[PDB]
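Coming up is one lone chain in C-alpha coordinates, specifically the form deposited without S-hydroperoxycysteine (2CO).
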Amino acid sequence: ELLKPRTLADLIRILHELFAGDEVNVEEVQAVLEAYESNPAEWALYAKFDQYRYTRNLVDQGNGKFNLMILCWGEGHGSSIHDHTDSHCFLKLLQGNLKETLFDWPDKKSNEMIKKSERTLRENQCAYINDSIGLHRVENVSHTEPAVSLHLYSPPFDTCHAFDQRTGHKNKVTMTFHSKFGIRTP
(Lines of atoms letter the chains of each structure in order from A and count residues from 1; the text may use other names and numbers.)
(Lines give C-alpha, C1' and ligand atoms only; values in the text may rest on other atoms or scores of the structure.)
(Ligands and ions follow the chains in the order given, each with its own letter.)
Protein backbone atom coordinates (compact mmCIF):
# COMPACT_ATOMS: atom_id res chain seq x y z
CA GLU A 1 0.00 0.00 0.00
CA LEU A 2 1.62 3.18 -1.32
CA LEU A 3 1.87 5.93 1.32
CA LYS A 4 3.43 9.38 1.02
CA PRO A 5 7.13 9.34 2.00
CA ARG A 6 7.52 11.70 4.97
CA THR A 7 11.30 11.98 4.55
CA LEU A 8 14.14 10.71 2.36
CA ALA A 9 14.72 7.93 4.88
CA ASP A 10 11.05 6.94 4.66
CA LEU A 11 11.28 6.97 0.88
CA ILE A 12 14.25 4.61 0.96
CA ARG A 13 12.32 2.26 3.28
CA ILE A 14 9.36 2.28 0.87
CA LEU A 15 11.63 1.61 -2.14
CA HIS A 16 13.08 -1.45 -0.41
CA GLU A 17 9.54 -2.81 -0.12
CA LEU A 18 8.73 -2.01 -3.78
CA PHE A 19 11.90 -3.79 -4.97
CA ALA A 20 11.51 -6.80 -2.64
CA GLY A 21 10.40 -9.00 -5.58
CA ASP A 22 11.84 -9.83 -9.03
CA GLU A 23 9.86 -7.33 -11.09
CA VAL A 24 9.27 -3.57 -11.01
CA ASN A 25 5.93 -1.72 -10.99
CA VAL A 26 7.18 1.35 -12.77
CA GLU A 27 4.13 3.50 -12.28
CA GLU A 28 4.13 2.87 -8.51
CA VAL A 29 7.83 3.67 -8.19
CA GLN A 30 7.40 6.86 -10.17
CA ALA A 31 4.39 7.85 -8.04
CA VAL A 32 6.21 7.44 -4.72
CA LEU A 33 9.29 9.25 -5.99
CA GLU A 34 7.12 12.14 -7.16
CA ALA A 35 5.27 12.18 -3.82
CA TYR A 36 8.42 12.76 -1.77
CA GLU A 37 8.69 16.53 -1.24
CA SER A 38 12.35 17.50 -1.50
CA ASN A 39 13.74 18.67 1.81
CA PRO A 40 17.27 19.95 1.30
CA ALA A 41 18.36 19.30 4.93
CA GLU A 42 17.75 15.55 4.39
CA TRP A 43 20.05 15.27 1.40
CA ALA A 44 22.65 18.02 1.97
CA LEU A 45 25.15 15.30 2.96
CA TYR A 46 25.04 13.78 -0.55
CA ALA A 47 25.02 17.02 -2.52
CA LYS A 48 28.71 17.28 -3.28
CA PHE A 49 29.41 19.39 -6.37
CA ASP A 50 32.44 19.53 -8.67
CA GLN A 51 33.36 22.71 -10.53
CA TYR A 52 33.86 21.05 -13.92
CA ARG A 53 31.19 18.39 -14.31
CA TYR A 54 28.19 16.74 -12.68
CA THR A 55 28.84 14.32 -9.81
CA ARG A 56 27.23 11.00 -8.91
CA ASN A 57 26.74 10.42 -5.18
CA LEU A 58 25.59 7.02 -3.93
CA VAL A 59 22.82 7.15 -1.33
CA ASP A 60 21.61 3.54 -1.05
CA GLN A 61 22.51 0.20 -2.67
CA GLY A 62 19.05 -1.22 -2.35
CA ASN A 63 19.92 -4.66 -0.99
CA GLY A 64 21.28 -5.31 -4.52
CA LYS A 65 18.09 -4.60 -6.47
CA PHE A 66 18.75 -0.96 -7.28
CA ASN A 67 21.17 1.93 -6.92
CA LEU A 68 19.79 5.19 -5.49
CA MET A 69 22.04 8.19 -6.08
CA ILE A 70 22.09 11.96 -6.07
CA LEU A 71 23.50 13.85 -9.07
CA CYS A 72 24.74 17.44 -8.63
CA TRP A 73 24.82 19.62 -11.71
CA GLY A 74 26.68 22.88 -11.71
CA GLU A 75 25.59 25.67 -14.01
CA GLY A 76 25.91 24.57 -17.60
CA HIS A 77 26.77 20.96 -16.66
CA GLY A 78 25.31 18.18 -18.77
CA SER A 79 25.55 14.54 -19.71
CA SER A 80 26.39 12.65 -22.86
CA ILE A 81 23.66 11.19 -25.00
CA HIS A 82 23.41 7.83 -23.29
CA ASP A 83 21.52 4.56 -22.79
CA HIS A 84 20.73 2.75 -19.55
CA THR A 85 22.13 -0.76 -20.03
CA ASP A 86 18.80 -2.58 -20.00
CA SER A 87 17.79 -0.99 -16.68
CA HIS A 88 14.89 1.04 -15.44
CA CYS A 89 15.91 4.62 -14.75
CA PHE A 90 13.99 7.11 -12.65
CA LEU A 91 15.02 10.75 -12.28
CA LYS A 92 13.46 13.11 -9.75
CA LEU A 93 14.39 16.76 -9.43
CA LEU A 94 15.32 17.83 -5.85
CA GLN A 95 16.59 21.34 -6.74
CA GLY A 96 16.53 23.45 -9.91
CA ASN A 97 15.63 22.39 -13.44
CA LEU A 98 17.03 20.01 -16.01
CA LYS A 99 16.47 19.84 -19.73
CA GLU A 100 15.93 16.28 -21.04
CA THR A 101 16.45 15.69 -24.78
CA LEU A 102 15.24 12.38 -26.29
CA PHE A 103 16.90 10.61 -29.19
CA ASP A 104 16.08 7.51 -31.19
CA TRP A 105 18.55 4.61 -31.28
CA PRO A 106 20.93 5.20 -34.23
CA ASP A 107 20.83 3.12 -37.42
CA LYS A 108 23.98 1.23 -38.45
CA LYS A 109 24.74 3.99 -40.96
CA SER A 110 26.77 6.98 -39.75
CA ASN A 111 24.33 9.88 -39.49
CA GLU A 112 23.59 12.89 -37.32
CA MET A 113 21.38 12.01 -34.35
CA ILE A 114 18.32 14.27 -34.48
CA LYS A 115 16.35 14.96 -31.35
CA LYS A 116 12.86 13.49 -31.17
CA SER A 117 11.70 15.77 -28.36
CA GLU A 118 12.77 17.81 -25.37
CA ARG A 119 11.26 18.82 -22.06
CA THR A 120 12.09 20.74 -18.95
CA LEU A 121 12.00 18.73 -15.74
CA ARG A 122 11.08 20.96 -12.78
CA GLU A 123 11.52 20.62 -9.01
CA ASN A 124 9.94 17.48 -7.51
CA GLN A 125 8.94 16.07 -10.95
CA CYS A 126 9.94 12.44 -11.66
CA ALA A 127 10.87 11.28 -15.16
CA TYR A 128 11.34 7.70 -16.33
CA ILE A 129 13.41 6.21 -19.14
CA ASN A 130 14.51 2.83 -20.41
CA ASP A 131 16.19 1.60 -23.57
CA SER A 132 12.86 0.79 -25.26
CA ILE A 133 11.83 4.44 -24.88
CA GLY A 134 15.11 5.66 -26.35
CA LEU A 135 18.29 7.51 -25.48
CA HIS A 136 18.61 10.84 -23.70
CA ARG A 137 20.84 13.71 -22.72
CA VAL A 138 20.22 15.54 -19.42
CA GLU A 139 21.53 19.09 -18.92
CA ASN A 140 21.46 21.93 -16.44
CA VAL A 141 21.15 24.86 -18.84
CA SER A 142 20.92 27.42 -16.05
CA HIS A 143 23.60 30.10 -15.79
CA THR A 144 22.74 30.89 -12.15
CA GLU A 145 21.16 27.83 -10.42
CA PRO A 146 22.79 24.51 -9.63
CA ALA A 147 20.48 21.48 -9.99
CA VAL A 148 20.22 18.37 -7.85
CA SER A 149 18.46 15.21 -8.90
CA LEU A 150 17.64 11.83 -7.35
CA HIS A 151 18.20 8.80 -9.63
CA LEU A 152 17.12 5.21 -9.20
CA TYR A 153 18.47 2.48 -11.50
CA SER A 154 17.27 -1.13 -11.42
CA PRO A 155 19.14 -3.42 -11.85
CA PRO A 156 22.16 -1.40 -10.83
CA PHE A 157 24.75 -0.79 -13.57
CA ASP A 158 28.20 0.84 -13.60
CA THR A 159 28.72 1.04 -17.39
CA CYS A 160 26.68 2.54 -20.24
CA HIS A 161 27.24 3.92 -23.74
CA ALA A 162 27.83 7.49 -24.78
CA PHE A 163 26.71 8.41 -28.32
CA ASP A 164 28.41 10.82 -30.70
CA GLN A 165 25.67 13.16 -31.86
CA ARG A 166 27.36 13.65 -35.25
CA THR A 167 27.52 9.94 -36.26
CA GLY A 168 25.53 7.84 -33.81
CA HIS A 169 28.71 5.93 -32.94
CA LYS A 170 28.88 4.69 -29.36
CA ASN A 171 31.61 4.19 -26.78
CA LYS A 172 31.40 2.26 -23.54
CA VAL A 173 31.83 4.43 -20.46
CA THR A 174 32.34 3.30 -16.87
CA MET A 175 30.85 5.68 -14.36
CA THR A 176 32.41 6.30 -11.01
CA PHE A 177 30.96 7.55 -7.77
CA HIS A 178 32.09 10.91 -6.46
CA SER A 179 30.93 9.79 -3.02
CA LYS A 180 29.23 6.86 -1.29
CA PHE A 181 27.05 7.24 1.78
CA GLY A 182 28.22 10.84 2.23
CA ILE A 183 31.91 9.92 2.03
CA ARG A 184 34.11 11.24 -0.79
CA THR A 185 35.57 8.32 -2.78
CA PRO A 186 38.45 9.50 -5.00
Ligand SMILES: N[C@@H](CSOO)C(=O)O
Second form
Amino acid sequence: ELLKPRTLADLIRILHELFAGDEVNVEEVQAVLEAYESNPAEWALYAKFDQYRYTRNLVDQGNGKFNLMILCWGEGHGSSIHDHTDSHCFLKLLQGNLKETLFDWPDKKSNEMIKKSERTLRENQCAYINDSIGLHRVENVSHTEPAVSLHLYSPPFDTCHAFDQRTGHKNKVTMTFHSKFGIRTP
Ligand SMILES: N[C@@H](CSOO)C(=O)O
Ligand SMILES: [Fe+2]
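Having seen the form deposited without S-hydroperoxycysteine (2CO), could you give me the form deposited with S-hydroperoxycysteine (2CO) bound?
Let us now look at the entire complex, which starts with that chain.
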Protein backbone atom coordinates (compact mmCIF):
# COMPACT_ATOMS: atom_id res chain seq x y z
CA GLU A 1 0.00 0.00 0.00
CA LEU A 2 1.59 3.22 -1.25
CA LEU A 3 0.99 6.36 0.80
CA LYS A 4 2.24 9.90 0.17
CA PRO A 5 5.55 10.51 1.91
CA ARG A 6 5.06 13.43 4.29
CA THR A 7 8.77 14.20 4.64
CA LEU A 8 12.11 12.91 3.38
CA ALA A 9 12.38 10.70 6.47
CA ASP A 10 8.96 9.25 5.74
CA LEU A 11 10.03 8.62 2.13
CA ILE A 12 13.04 6.71 3.40
CA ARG A 13 10.88 4.55 5.68
CA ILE A 14 8.55 3.78 2.76
CA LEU A 15 11.47 2.87 0.50
CA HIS A 16 12.76 0.41 3.12
CA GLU A 17 9.40 -1.32 2.99
CA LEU A 18 9.33 -1.36 -0.82
CA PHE A 19 12.83 -2.86 -0.99
CA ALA A 20 12.35 -5.37 1.84
CA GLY A 21 12.00 -8.17 -0.73
CA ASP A 22 14.21 -9.44 -3.57
CA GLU A 23 12.59 -7.62 -6.48
CA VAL A 24 11.62 -4.04 -7.25
CA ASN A 25 8.32 -2.65 -8.47
CA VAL A 26 9.70 0.21 -10.52
CA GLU A 27 6.40 1.95 -11.09
CA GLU A 28 5.60 1.92 -7.39
CA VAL A 29 9.02 3.33 -6.43
CA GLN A 30 8.75 6.06 -9.07
CA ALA A 31 5.26 6.98 -7.86
CA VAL A 32 6.40 7.36 -4.24
CA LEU A 33 9.44 9.40 -5.23
CA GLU A 34 7.27 11.67 -7.33
CA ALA A 35 4.76 12.00 -4.47
CA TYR A 36 7.35 13.41 -2.07
CA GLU A 37 7.16 17.21 -2.30
CA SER A 38 10.66 18.58 -2.05
CA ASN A 39 11.17 20.52 1.16
CA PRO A 40 14.61 22.19 1.11
CA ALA A 41 14.87 22.31 4.91
CA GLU A 42 14.69 18.49 5.06
CA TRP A 43 17.60 17.97 2.71
CA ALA A 44 19.75 21.06 3.30
CA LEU A 45 22.13 18.84 5.33
CA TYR A 46 22.98 16.91 2.21
CA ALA A 47 23.11 19.75 -0.28
CA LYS A 48 26.82 20.33 -0.32
CA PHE A 49 28.01 21.95 -3.53
CA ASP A 50 31.46 22.15 -5.10
CA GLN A 51 32.51 25.05 -7.32
CA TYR A 52 33.88 22.89 -10.11
CA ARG A 53 31.61 19.89 -10.52
CA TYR A 54 28.52 18.15 -9.24
CA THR A 55 28.68 16.34 -5.91
CA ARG A 56 27.17 13.05 -4.68
CA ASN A 57 25.95 13.06 -1.10
CA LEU A 58 24.85 9.76 0.48
CA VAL A 59 21.62 9.91 2.45
CA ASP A 60 20.68 6.27 3.14
CA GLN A 61 22.05 2.79 2.45
CA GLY A 62 18.74 0.97 2.26
CA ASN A 63 19.55 -1.87 4.63
CA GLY A 64 21.89 -2.87 1.79
CA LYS A 65 19.23 -3.00 -0.91
CA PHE A 66 19.75 0.48 -2.37
CA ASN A 67 21.79 3.66 -2.14
CA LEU A 68 19.82 6.88 -1.81
CA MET A 69 21.80 10.05 -2.47
CA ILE A 70 21.52 13.75 -3.26
CA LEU A 71 23.40 15.29 -6.14
CA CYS A 72 24.19 19.02 -6.26
CA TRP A 73 24.77 20.63 -9.64
CA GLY A 74 26.29 24.08 -9.98
CA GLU A 75 25.39 26.26 -12.94
CA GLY A 76 26.72 24.56 -16.03
CA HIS A 77 27.68 21.34 -14.20
CA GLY A 78 26.93 18.03 -15.85
CA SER A 79 27.78 14.37 -15.97
CA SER A 80 29.44 12.10 -18.47
CA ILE A 81 27.42 9.82 -20.68
CA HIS A 82 27.17 6.75 -18.46
CA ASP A 83 25.52 3.41 -17.71
CA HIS A 84 24.15 2.11 -14.41
CA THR A 85 25.87 -1.22 -13.85
CA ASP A 86 22.83 -3.46 -14.23
CA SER A 87 20.93 -1.57 -11.53
CA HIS A 88 17.74 0.42 -11.26
CA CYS A 89 18.29 4.18 -11.18
CA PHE A 90 15.67 6.71 -10.16
CA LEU A 91 16.25 10.46 -10.32
CA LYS A 92 13.97 13.03 -8.73
CA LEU A 93 14.45 16.81 -8.96
CA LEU A 94 14.49 18.59 -5.60
CA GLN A 95 15.49 22.04 -6.93
CA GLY A 96 16.03 23.59 -10.35
CA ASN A 97 16.01 21.78 -13.69
CA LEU A 98 18.23 19.21 -15.34
CA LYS A 99 18.58 18.24 -18.95
CA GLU A 100 18.65 14.48 -19.49
CA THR A 101 20.00 13.27 -22.81
CA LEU A 102 19.49 9.64 -23.80
CA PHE A 103 21.97 7.72 -25.89
CA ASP A 104 22.00 4.25 -27.42
CA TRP A 105 24.60 1.67 -26.46
CA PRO A 106 27.39 2.16 -28.97
CA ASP A 107 28.33 -0.45 -31.55
CA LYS A 108 31.76 -2.06 -31.25
CA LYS A 109 32.64 0.21 -34.21
CA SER A 110 34.06 3.66 -33.41
CA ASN A 111 31.39 6.28 -34.08
CA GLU A 112 29.78 9.46 -32.85
CA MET A 113 27.17 8.63 -30.25
CA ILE A 114 24.04 10.43 -31.44
CA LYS A 115 21.40 11.41 -28.95
CA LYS A 116 18.16 9.46 -29.19
CA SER A 117 16.26 12.10 -27.24
CA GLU A 118 16.39 14.87 -24.65
CA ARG A 119 14.10 16.13 -22.00
CA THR A 120 13.98 18.74 -19.31
CA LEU A 121 13.35 17.37 -15.85
CA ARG A 122 11.64 19.92 -13.66
CA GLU A 123 11.20 20.28 -9.93
CA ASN A 124 9.70 17.24 -8.22
CA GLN A 125 9.54 15.12 -11.37
CA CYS A 126 11.05 11.58 -11.03
CA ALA A 127 12.71 9.85 -13.98
CA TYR A 128 13.94 6.27 -14.28
CA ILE A 129 16.77 4.73 -16.22
CA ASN A 130 18.38 1.32 -16.54
CA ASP A 131 20.82 -0.26 -18.94
CA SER A 132 18.04 -1.88 -20.98
CA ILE A 133 16.68 1.62 -21.72
CA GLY A 134 20.07 3.01 -22.70
CA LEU A 135 22.74 5.40 -21.47
CA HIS A 136 22.32 8.98 -20.38
CA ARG A 137 23.95 12.28 -19.59
CA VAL A 138 22.45 14.67 -17.06
CA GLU A 139 23.33 18.39 -17.05
CA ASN A 140 22.38 21.58 -15.30
CA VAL A 141 22.38 23.94 -18.29
CA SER A 142 21.18 26.90 -16.23
CA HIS A 143 23.39 29.97 -15.97
CA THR A 144 21.54 31.26 -12.90
CA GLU A 145 20.07 28.35 -10.87
CA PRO A 146 21.88 25.53 -9.12
CA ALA A 147 20.07 22.18 -9.26
CA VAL A 148 19.60 19.46 -6.66
CA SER A 149 18.40 15.93 -7.30
CA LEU A 150 17.62 12.79 -5.33
CA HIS A 151 18.88 9.50 -6.76
CA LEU A 152 18.12 5.91 -5.81
CA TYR A 153 20.12 2.98 -7.15
CA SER A 154 19.33 -0.69 -6.52
CA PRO A 155 21.34 -2.74 -6.01
CA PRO A 156 23.97 -0.20 -4.91
CA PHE A 157 26.95 0.23 -7.21
CA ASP A 158 30.13 2.32 -6.95
CA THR A 159 31.50 1.78 -10.43
CA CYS A 160 30.10 2.44 -13.88
CA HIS A 161 31.32 3.38 -17.35
CA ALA A 162 31.69 6.78 -18.94
CA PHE A 163 31.38 6.93 -22.73
CA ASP A 164 33.18 9.25 -25.12
CA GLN A 165 30.56 10.99 -27.24
CA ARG A 166 32.91 11.11 -30.24
CA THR A 167 33.71 7.38 -30.38
CA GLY A 168 31.48 5.37 -28.06
CA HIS A 169 34.61 4.19 -26.24
CA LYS A 170 33.93 3.34 -22.60
CA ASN A 171 36.10 3.74 -19.52
CA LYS A 172 35.43 2.41 -16.06
CA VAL A 173 34.92 5.05 -13.42
CA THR A 174 34.66 4.76 -9.66
CA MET A 175 32.18 7.09 -8.10
CA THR A 176 32.99 8.82 -4.85
CA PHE A 177 30.82 10.45 -2.25
CA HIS A 178 31.39 14.08 -1.36
CA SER A 179 29.57 13.40 1.88
CA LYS A 180 27.82 10.61 3.77
CA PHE A 181 24.96 11.19 6.20
CA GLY A 182 25.69 14.92 6.14
CA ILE A 183 29.39 14.50 6.90
CA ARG A 184 31.99 15.58 4.35
CA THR A 185 34.10 12.58 3.42
CA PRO A 186 37.24 13.80 1.64
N1 LIG B 1 24.46 8.45 -12.74
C2 LIG B 1 24.87 9.74 -12.21
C3 LIG B 1 23.70 10.63 -12.00
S4 LIG B 1 22.72 10.70 -13.47
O5 LIG B 1 22.22 9.21 -12.75
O6 LIG B 1 20.47 9.25 -12.48
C7 LIG B 1 25.50 9.58 -10.88
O8 LIG B 1 24.97 8.81 -10.04
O9 LIG B 1 26.53 10.23 -10.61
FE1 LIG C 1 22.84 8.47 -14.49
